[PDB]
Amino acid sequence: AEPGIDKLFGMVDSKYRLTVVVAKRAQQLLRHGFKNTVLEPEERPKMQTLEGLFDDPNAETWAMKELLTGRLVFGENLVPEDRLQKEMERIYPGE
Amino acid sequence: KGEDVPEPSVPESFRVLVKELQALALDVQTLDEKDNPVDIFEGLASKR
Amino acid sequence: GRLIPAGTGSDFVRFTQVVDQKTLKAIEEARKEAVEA
Ligand SMILES: [Mg+2]
Ligand SMILES: [Mg+2]
Ligand SMILES: [Mg+2]
Ligand SMILES: [Mg+2]
Ligand SMILES: [Mg+2]
Ligand SMILES: [Mg+2]
Ligand SMILES: [Mg+2]
Ligand SMILES: [Mg+2]
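Top line first, the protein sequences correspond to chains E, C and D.
The first sequence begins at 2 in the authors' numbering and counts up by one.
The second sequence begins at 1072 in the authors' numbering and counts up by one.
The third sequence begins at 1469 in the authors' numbering and counts up by one.
What the hints contain is simulated information worked out from the structure, not anything from laboratory work.
Heads up, some of the hints might be wrong.
Below are the EDC-like pairs computed for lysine to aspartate or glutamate, each with C-alpha atoms no more than 20 Å apart in a straight line [stated by the list, open to error]:
(1) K8(E) with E61(E)
(2) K1500(D) with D56(E)
(3) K66(E) with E1501(D)
(4) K25(E) with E1078(C)
(5) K1490(D) with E96(E)
(6) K1105(C) with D1479(D)
(7) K1490(D) with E77(E)
(8) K87(E) with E1497(D)
(9) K1493(D) with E88(E)
(10) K25(E) with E1074(C)
(11) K1072(C) with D83(E)
(12) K1493(D) with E82(E)
(13) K36(E) with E88(E)
(14) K47(E) with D57(E)
Kindly generate the complete structure, drawing on both the sequences and the hints.
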């Protein structure tokens, strides 16, 4: 199956919550630039025609691969709705 | 354009209905948070 | 043709945001800036 799906399930209060997180994270990963990640250096996402997955194959396969680590934060109301998209555009280039 | 697909507009099934319904005396009007209008037929129903 | 009331379309999760500790300090810096003069 998929990497630590259990481990994931366990990090959320509701199953259907995990799905929204991953999806919204996948969203931002592409919109604001795909380098909006927290774990790129040593052991990261990879595909084999070359090791080129490092740039843009699957959005959420990343999202999940980050959420499985303890860097991200998903809350009910963590950061005010509109100020989030502003601070994100300011700090992440690639367009 | 490699754009993450957009968020759905109203289905024509719905609109086809509302009007079919309108064709008969009944008036079906969608409503807001507070009971107020909202618009399915994007801009084609207001007159002239 | 509206989103389903049940499922991921749950009032309990329809709203949930995500963060990077990098964007966490970035918003609090926005709060720091609120201090006038
Ligand atoms: Mg790495
Ligand atoms: Mg994480
Ligand atoms: Mg709210
Ligand atoms: Mg920009
Ligand atoms: Mg609709
Ligand atoms: Mg009515
Ligand atoms: Mg009133
Ligand atoms: Mg939302």
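Quiz prompt | Numbers of unmet hints, in rising order | solution = Of the numbered hints, 2, 3, 11 do not hold.
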